[PDB]
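Undergrad: What follows is each chain in one-letter form.
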Amino acid sequence: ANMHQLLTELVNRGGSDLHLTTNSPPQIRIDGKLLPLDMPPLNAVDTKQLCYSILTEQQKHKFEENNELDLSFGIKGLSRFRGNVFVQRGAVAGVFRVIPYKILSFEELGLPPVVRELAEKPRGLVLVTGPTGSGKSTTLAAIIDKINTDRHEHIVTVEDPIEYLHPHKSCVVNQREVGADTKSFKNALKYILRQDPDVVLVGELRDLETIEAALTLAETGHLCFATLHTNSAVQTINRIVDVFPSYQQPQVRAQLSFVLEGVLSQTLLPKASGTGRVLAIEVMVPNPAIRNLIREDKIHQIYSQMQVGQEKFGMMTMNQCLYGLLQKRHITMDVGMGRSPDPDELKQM
Amino acid sequence: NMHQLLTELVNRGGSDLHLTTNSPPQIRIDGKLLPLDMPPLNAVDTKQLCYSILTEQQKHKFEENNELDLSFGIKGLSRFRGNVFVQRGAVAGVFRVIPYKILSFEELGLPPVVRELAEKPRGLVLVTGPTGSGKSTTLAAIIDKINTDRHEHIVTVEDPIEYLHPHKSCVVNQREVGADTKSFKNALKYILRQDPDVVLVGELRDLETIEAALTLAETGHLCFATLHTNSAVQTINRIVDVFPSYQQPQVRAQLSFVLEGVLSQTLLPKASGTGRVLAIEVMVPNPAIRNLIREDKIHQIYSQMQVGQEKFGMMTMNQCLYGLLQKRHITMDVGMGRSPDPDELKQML
Amino acid sequence: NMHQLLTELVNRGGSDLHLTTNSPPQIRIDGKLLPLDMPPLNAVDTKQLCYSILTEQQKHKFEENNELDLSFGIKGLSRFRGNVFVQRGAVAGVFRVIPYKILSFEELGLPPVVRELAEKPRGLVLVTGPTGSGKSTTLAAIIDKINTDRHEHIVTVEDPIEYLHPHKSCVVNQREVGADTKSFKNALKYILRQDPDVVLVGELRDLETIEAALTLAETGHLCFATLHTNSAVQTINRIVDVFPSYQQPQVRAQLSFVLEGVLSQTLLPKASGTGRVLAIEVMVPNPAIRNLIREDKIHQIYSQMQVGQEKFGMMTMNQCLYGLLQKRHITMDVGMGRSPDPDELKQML
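Protein chains in written order, with PDB author numbering: chain D, 2 to 350; chain E, 3 to 351; chain C, 3 to 351.
Possibly wrong hints are sitting among the right ones.
Stated by the list, open to error - Which chain C residues stay away from chain D? Per the calculated CB distances, all over 10 Å, these:
1) 15
2) 102
3) 117
4) 133
5) 175
6) 247
7) 335
To be verified - Calculated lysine to any residue pairs in the SDA-like style (CA-CA distance at most 20 Å, straight line):
8) C/191 - D/160
9) C/191 - D/71
10) D/103 - E/24
11) C/147 - C/108
12) D/122 - E/233
13) E/122 - E/221
14) E/34 - E/274
15) C/103 - D/90
Worth flagging that the hints you see were computed from the coordinates, not collected in a lab.
Note that the Cβ used here is the ideal one computed from N, Cα and C, for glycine as well.
From just these sequences and the hints, can you work out the full model?
TA: Set out below in structure tokens:
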């Protein structure tokens with residue numbers, strides 16, 4: 002009840018976040034700065050009643066079981082939201098972020114066409130990496146929107162939690178939220194190969210059964226998208242190899258050499274304008290030479306390939322991104338240099 | 003009703019029916035989805051239809067797990083395997099057809115050498131390729147020919163059952179994983195005490211199953227197994243490279259002795275826009291290839307295949323695409339888009 | 003009675019009250035125990051007093067476990083945290099004071115540069131030293147200044163709560179381990195979905211907490227954390243040397259990028275015999291230090307600090323002891339006793 006009015010005020014004011022906590026009125030983030038609403042301060046009873054008013058009994062029992070809860074929900078004709086609810090100093094608290102219904106396109110994010118071209122493969126493993134809140138969901142949503150528009154294939158999503166809704170355009174899209182639609186990632190992966198899928202967005206690679214699921218899916222003729230937490234292609238490769246036991250790293254390396262179609266390592270940086278974030282990206286797309294370097298156990302030489310893979314594979318170094326951000330004046334020169342993983346390379350350029 | 007949906011699916015030769023909310027029913031024909039001229043279904047529709055083919059205990063199970071596998075029949079039409087799940091708080095369903103009638107070898111476009119392989123007394127024969135590339139169809143053709151011509155013992159273990167074989171002249175026992183046997187491991191642990199001649203093992207999912215199949219192949223039994231590669235070399239590399247480096251010599255020796263045929267398939271759309279056509283690579287070891295195995299020269303086995311056309315009946319993918327091009331079954335672009343080396347296929351043209 | 007014991011404890015500015023059999027009550031003042039002029043308590047005394055501040059359920063818990071943590075208030079005086087336990091078959095108790103008033107930066111003897119650090123928008127700041135060396139007091143001063151001057155989001159996670167912050171202009175949510183959240187791991191797994199600007203993570207107990215703090219530090223958030231070293235070099239060596247050798251270069255780059263301040267404190271007794279005084283080492287990276295990180299020369303960063311007094315506001319421990327000696331706050335022997343290089347301090351004198 003009150004939550005609906007509070008959220009209406011949030012939308013009407015162009016706000017990003019709603020905060021519910023004891024002994025303070027609700028506060029909304031406007032242009033980066035917090036502003037309290039003209040309401041009495043909340044107590045533990047208030048945050049409790051507001052947060053419980055939009056949850057089912059299963060969600061309530063989960064939260065009461067863990068004193069933590071991640072969730073998403075929509076208000077029809079208004080907007081969708083991603084929420085995180087927690088407990089502090091013995092009282093209920095809630096935070097709610099706005100997740101737009103309309104997905105921005107690839108060109109709006111400033112990503113070159115080769116990233117879009119890697120997304121147009123029939124099968125294999127494509128990884129988009131970077132830390133949390135680095136734009137991963139936005140690229141993934143643009144992709145699964147392009148695929149929904151352009152292909153006649155079966156897209157299934159497993160999400161923790163569901164973030165973007167994809168109404169049916171020409172594909173059939175089934176989206177499973179862990180903790181509501183399905184018991185766990187393990188159960189979904191146990192049954193997804195008998196629901197005739199072609200494309201899968203799997204979320205975080207939280208355990209071995211899911212990594213194994215990604216290799217089997219990519220090997221059984223599907224296009225698998227997954228996320229990681231790393232800042233560069235080489236660091237990404239090291240991450241991929243090093244998670245497996247040492248005796249089993251050879252097979253996974255062979256598998257990866259077969260199924261890998263693209264690795265993207267992104268990062269969102271604050272914009273100089275004070276609104277939005279700007280992309281710095283290292284892109285590795287395997288060619289026959291890189292696949293041989295993997296097969297030949299010459300893992301060092303990948304650095305040489307990124308230095309020499311601009312024309313062949315479209316691999317763009319960090320310094321070229323700093324050049325472009327500097328010419329358009331979106332970021333300053335010092336932070337860009339301060340962010341380069343190898344300033345001596347930037348010096349050489 | 004559901005009977006009408008499945009009859010339309012059957013009549014149009016579709017493999018899979020997809021039922022989900024806010025979209026009309028969609029069916030996969032030749033790999034591509036097509037919606038039926040009906041209003042979109044809602045959660046009530048999918049729920050009522052899927053529950054209409056569930057027992058009360060199966061409905062209890064499904065509501066307990068949000069997953070359910072089952073099979074059912076439509077009289078005078080066909081049987082169907084259904085999978086029901088939940089997405090966005092609503093019922094969803096996928097239904098896969100199980101054909102009763104196996105097409106013959108010549109109907110599948112397979113050369114006569116496969117028929118001579120059905121008369122082989124022992125060894126290991128591999129049918130590989132991505133999902134829906136005709137592997138199961140090839141096995142069903144082999145099983146039906148063997149069942150008809152020989153008086154031997156066929157045992158199949160499948161997860162799930164794809165083709166049913168009433169007894170014709172052999173005794174055929176078919177075990178379903180998750181009901182008939184706990185796992186591949188228990189069936190393979192006990193299969194050698196069932197007086198077998200022919201064994202179907204399902205997917206080569208791990209090392210244990212490979213070891214069971216290798217033992218079968220050396221002691222005079224016929225074992226069929228699958229992989230998930232697109233070429234002969236990828237198959238050989240996958241099997242060898244899964245073992246530690248110190249044990250690969252023995253495995254290479256085993257493979258050199260027991261291998262009698264390797265089939266890797268791919269299903270391509272037809273130029274007419276209706277139906278799909280089989281492209282298949284066949285590797286039959288000759289002394290040169292067996293030496294290449296002993297010499298650790300896997301990158302050169304393809305070269306022996308380049309010259310094994312007249313002697314062993316081999317045929318590269320480019321040669322098959324060439325024949326499909328001369329017969330105008332596929333376009334040049336699709337063949338090049340699938341050629342692992344488009345320049346070789348260009349040169350042979 | 004107990005009320006009198008806690009009021010005398012507060013009035014004398016003590017930190018802890020110790021109650022155990024066959025000794026009078028003893029209070030820690032400036033780190034040293036003083037017994038009160040009362041007869042020694044027996045096991046009946048400690049039992050009755052500790053049980054007098056326990057609920058019946060809490061008495062059941064304590065009798066079940068021989069351990070009990072709790073907090074309670076004495077009206078018009080102070081709040082207290084109690085721990086009750088058992089030794090030689092008898093009740094024992096320890097009682098801590100949790101002050102409501104935070105002293106200011108100037109009252110703590112901290113130079114003005116710390117105030118400018120409370121205005122920093124991002125980076126990683128470390129407050130280190132042994133237990134009770136002023137680390138928590140420094141954090142409370144920082145949080146109070148930030149709460150007063152900024153409109154941002156502060157989240158603290160503590161085991162246990164040390165300072166309570168009513169909302170002043172920020173929203174501050176404080177999570178108690180063992181009640182509000184199961185562990186550091188769950189809070190850090192979910193903290194990035196609460197729209198934070200400022201996060202307090204407690205002790206850097208393991209690798210996973212370091213990884214959470216490093217991710218926070220590079221994505222634009224303010225993270226404060228602690229360690230347990232007595233100098234800047236020991237802090238850098240402890241953070242870098244925890245990772246395997248192959249991952250230490252990237253980590254060194256991360257630290258070189260996100261670090262904005264390192265605070266290593268130590269509390270010394272005063273020459274007057276009443277009160278304690280803060281000695282603090284401040285490391286703010288300059289280009290020379292960042293290069294030293296890049297060049298794997300940790301043993302030479304101290305030398306850069308030896309020459310960074312005028313430029314960056316740095317100050318060695320010996321220089322602080324020198325100032326305290328000039329101000330006659332401490333004796334020469336104590337300073338030499340705490341100097342990591344007494345010869346250097348003598349030389350600068």
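Undergrad: Does each hint fit the structure? Answer for all of them.
TA: Hints, verified against the model:
Distance check on residue 15 of chain C: its Cβ is at least 26 Å (rounded) from any Cβ of chain D, clearing the 10 Å threshold; non-interface status holds. No beta-carbon of chain D is positioned within 10 Å of the beta-carbon of residue 102 of chain C; the least distance is around 15 Å. Chain D leaves residue 117 of chain C outside its interface by the beta-carbon criterion, the shortest separation being 21 Å against a cut-off of 10 Å. A cut-off of 10 Å between C-beta atoms confirms that residue 133 of chain C is not in contact with chain D; the least separation is 24 Å.
The non-interface label for residue 175 of chain C is inconsistent with chain D: the shortest C-beta to C-beta separation is roughly 4 Å, within 10 Å. With a least beta-carbon separation of about 13 Å from chain D, residue 247 of chain C lies farther than 10 Å from that chain, consistent with its non-interface assignment. The non-interface label for residue 335 of chain C is consistent with chain D: the shortest C-beta to C-beta separation is roughly 45 Å, beyond 10 Å. A hinted pair counts as satisfied when its Cα atoms are at most 20 Å apart, and residue 191 of chain C with residue 160 of chain D qualifies at roughly 16 Å.
Restraint check for residue 191 of chain C and residue 71 of chain D: the C-alpha separation of about 11 Å stays at or below 20 Å, so the hint holds. For the given pair, residue 103 of chain D sits about 18 Å from residue 24 of chain E by alpha-carbon distance, which is consistent with the 20 Å threshold. The hinted pair formed by residue 147 of chain C and residue 108 of chain C meets the criterion: a straight-line CA distance of about 12 Å does not exceed 20 Å. At most 20 Å may separate the alpha-carbon atoms for a hinted pair to count; residue 122 of chain D and residue 233 of chain E meet this at roughly 18 Å.
At roughly 14 Å between alpha-carbon atoms, residue 122 of chain E and residue 221 of chain E fall within 20 Å of each other, so this suggested pair holds. For the given pair, residue 34 of chain E sits about 14 Å from residue 274 of chain E by alpha-carbon distance, which is consistent with the 20 Å threshold. In summary, the hint linking residue 103 of chain C to residue 90 of chain D is supported, as the alpha carbons are separated by about 18 Å, within the 20 Å threshold.
Consistency note: the structure conflicts with earlier hint 5 alone.
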